[PDB]
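Take the sequences, apply the hints, and build the full model.
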Amino acid sequence: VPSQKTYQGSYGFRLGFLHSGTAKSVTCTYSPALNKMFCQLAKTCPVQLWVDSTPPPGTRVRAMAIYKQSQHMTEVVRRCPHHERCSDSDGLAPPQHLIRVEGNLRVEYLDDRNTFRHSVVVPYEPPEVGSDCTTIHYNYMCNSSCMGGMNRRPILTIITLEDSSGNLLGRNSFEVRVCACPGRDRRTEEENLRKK
Amino acid sequence: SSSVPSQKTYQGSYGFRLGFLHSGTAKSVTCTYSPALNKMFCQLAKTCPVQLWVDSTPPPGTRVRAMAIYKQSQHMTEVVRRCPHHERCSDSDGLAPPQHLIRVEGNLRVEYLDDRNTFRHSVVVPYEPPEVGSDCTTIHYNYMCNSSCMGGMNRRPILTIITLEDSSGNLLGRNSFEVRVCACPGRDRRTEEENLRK
Amino acid sequence: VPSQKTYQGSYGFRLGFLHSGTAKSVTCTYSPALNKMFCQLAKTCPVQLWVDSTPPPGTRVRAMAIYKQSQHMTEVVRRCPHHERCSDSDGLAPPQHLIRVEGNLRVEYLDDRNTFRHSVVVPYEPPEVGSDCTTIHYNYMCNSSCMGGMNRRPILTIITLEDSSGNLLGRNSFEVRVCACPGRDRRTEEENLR
Amino acid sequence: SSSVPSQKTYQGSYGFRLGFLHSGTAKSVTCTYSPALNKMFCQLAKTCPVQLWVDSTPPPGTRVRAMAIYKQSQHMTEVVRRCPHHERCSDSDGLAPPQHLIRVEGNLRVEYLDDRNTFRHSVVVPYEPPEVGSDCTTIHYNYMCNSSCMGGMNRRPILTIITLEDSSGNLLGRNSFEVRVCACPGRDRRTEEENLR
Amino acid sequence: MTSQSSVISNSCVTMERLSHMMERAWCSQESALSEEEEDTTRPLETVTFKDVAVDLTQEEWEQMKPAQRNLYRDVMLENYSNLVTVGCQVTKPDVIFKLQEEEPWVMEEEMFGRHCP
Amino acid sequence: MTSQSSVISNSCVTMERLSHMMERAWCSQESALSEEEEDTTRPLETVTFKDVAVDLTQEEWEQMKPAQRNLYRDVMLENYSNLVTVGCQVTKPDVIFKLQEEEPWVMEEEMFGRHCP
Ligand SMILES: [Zn+2]
Ligand SMILES: [Zn+2]
Ligand SMILES: [Zn+2]
Ligand SMILES: [Zn+2]
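Protein chains in written order, with PDB author numbering: chain A, 97 to 292; chain B, 94 to 291; chain C, 97 to 290; chain D, 94 to 290; chain F, 1 to 24, 26 to 100, 102 to 119; chain E, 1 to 24, 26 to 100, 102 to 119.
Please keep in mind that the hints were generated in silico from the structure rather than gathered at the bench. Ideal Cβ placement from N, Cα and C applies to all residues, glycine included. You can take every hint at face value.
Keeping only pairs whose Cα atoms sit at most 30 angstroms apart, straight-line, the calculated BS3-like set for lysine-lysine is: (1) A:291 x F:93; (2) B:291 x C:139; (3) A:120 x F:51; (4) C:139 x A:120; (5) A:139 x D:164; (6) A:120 x F:66; (7) D:132 x A:139; (8) C:139 x A:139; (9) A:291 x F:99; (10) C:139 x B:101; (11) B:139 x B:164; (12) A:291 x F:51; (13) A:291 x F:66; (14) C:164 x C:101; (15) A:139 x C:120; (16) E:66 x C:120; (17) F:51 x F:93; (18) A:292 x F:93; (19) E:66 x E:51; (20) C:139 x B:164; (21) B:139 x B:101; (22) F:99 x A:164; (23) F:51 x A:292; (24) C:139 x B:132; (25) D:139 x D:164; (26) A:120 x C:120; (27) C:101 x C:139; (28) F:66 x A:292; (29) F:99 x A:292; (30) F:99 x A:120.
Examples of chain A residues lying across from chain D (beta carbon under 10 angstroms, computed): (31) 185; (32) 187; (33) 188; (34) 201.
Only some residues are given here: those of chain D computed to face chain C with a beta carbon under 10 angstroms: (35) 176; (36) 177; (37) 178; (38) 179; (39) 180; (40) 181.
Put into structure tokens, the structure is as follows:
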């Protein structure tokens, strides 16, 4: 199982998230207290990349979802066999990949051949004019309660950086609870942190 | 399908009637039946004893076919099938293909049928006469998906058709009863008894 | 062209409609001031049947959409050739019929052989326990701006009653503007009346 | 389709380049072209003059084939065809079958092709040399559907492939340019210039 | 220089009101009829301080200039300044651990808070 | 009987305020620098009464207790009570035909208003 510990590197790689509201039917939201992104199926998850230095050209950004619980680490975070057969493809993703990326022509998808898991790769672009971050619009294709896939188990999404050879430059991790109600499921897990 | 089989109750000259156990309405019952809606509520992979009450004894070689059809008319073209998750789970009893919703335990002679015109699922046991002391032969049925399974029944209420036929296949009698399979059978009878008093 | 004048009969046949809100994306709504139902494509249009007496068994309810404008009465209210080839069938309707009915196993569909038009028939059921009306969940399969079909022309949907022989027992008519925004298109046509 | 033809720009040894009129960005223009996106915006059944700028004169018998393909990769399997409403309208110029999106006016020698492997629509005119005073031969193109037609293009942006071939059919040069056909060509250039900044 | 304001609207604005929020005495007692005097046997049952204290909501405190935020905690502290001084004793509720310096909802899970001097 | 109220809050409520809505004198004049005195040649150009009168919006007048509705027409009439008495003369605007008895938006198109005695 690949590691989930936060790797800053010499590059100052940090994940930025939009400060979105906690409405009942939000499309994507992030909790700073639990480092937990709550979002929907097949919807836009803009994840900002805040860097202290500009990386050399050819650098790429790999996303990978792993289970947070240790008793389920042997299972690959995969789609349920119902959603594996639905016609929800964007024309670039195999139907078993949980993570997807829209708004980019150069996305890679990987079934890694040792660890048997799903990896989602985009090439990193520098921040635009006026910008301090490059936003990757992520898409998750299953909820966490899908039977045969995640199955009510909370998952951690690992965002990694690498150059074209594949050596690791930086890694940040954040928890993911995908359900139909993202903003409300942040609220019952903020009720989880305040005792009594 | 294209030729959806009929759901109208057929008594015949044999007096074929479905008997159901008068079981309680607890929150986690294994199988229950509503007389007011003719609706059996039961679980996944659990015993559903359906009694067969007959007025006359049928000749030897007679069989009992079960078939689940949708109750709603806008979904009649879809075969009542298992969801693609439960179609790939290892829940087989060694006799059923993994797409069949209905199963039968406690019988060695069960048939399973994918019919080749109407493309649907049929579950067949041979009929046995009632035992000593008995007035009915109980078939322990097993349903393998809940009605809210995505890709299968998908929150649509279904009718299970129990039919009788001799070894040639001509229909001798048919009774129909609604089926709502979820995780809470006895409670889902109660909110549908709250549905009728209104 | 079949007649659009309201026929009560000796049966007291009157169309009932749900008093639904005027939200921007409603599934079905009805205007009492213009007798105009606004609804979506392939969505539930519950039309209640209020009767003064109970009809004999074997009675049926035929729906038919006709154009309201007189210069377009010669054209059959039909689906556009795009939606005539889409896979939106409920397994009971031919793909040219505008009107459909869900929640009923006994629906008939008719291409009438003199007047060349589309008719949608369900058998009438008496009102249930507690009920004073039998609701038919109607489904329209094209918007009124479909090119080759209705083509921005407002249509009248004719609800008729007949016994099994086919003689007319009662007829009520109500206008239909099918678009993507039913509740908003009621509002600009209430702005039309004031 | 089964194998989708290529959209990459082919210059060749002939110096084949598409010329477009520098037309204004009015609200109801008949045809306009964006240099920044290489995107022609035009109307239904209207004149789209596309100039052919060549570095050398081709031999006689050379032809110009036009083909519209989808720009998006998830829709490449669908043939760019007319909607079933406009496939049954009486808008024919007497030379085109009613499923072809592209047409050509002002030329008697136009060919129309339903290709028999890739199942798509191709529009062919024979190439004429530039006239006296001229450096280009203008082909007046006509598109017969907007991009939002239901059953045809259906809000999907398309690329029109202009190809050159001699009478045998081997490819001599190919240029591609995007096409957004709607009712407002000059305004739809402006919201896609607002897209780039 | 000039415009030496003979002070009108400094700190003596909170002190002067007396009829601005504390008059908010309704459901009047017009010609009372339901009445039965009885023996005093039933106990008091004062309500609590659990509900007088307000559980903190998450989406609040955006508009909320922190002259109102620090005063809101001073509402559940000056209503608390009775019940640990004179009267019936209640416990300390759960929300009182944030009546702190930064914020109520500070991150403690998921460490590596940006290594720096 | 008793509770003979020595009247506090009858009709002398509108008369007494003087600082409730008419004080709404901002964008102050602190240490003015931009100034150039010149000849008085350019004309006045008083603005109009077309924009001082407010064109009637349709969705309004729901909450709007008609003590405010009849007073709103009394705003475009008492601002009008100057301009047809003393000052520059304007015309009568288009909205003044509803400053009537039933409503502004009364039906006149589509007759057959329900035959009755
Ligand atoms: Zn799933
Ligand atoms: Zn299932
Ligand atoms: Zn249509
Ligand atoms: Zn079209």
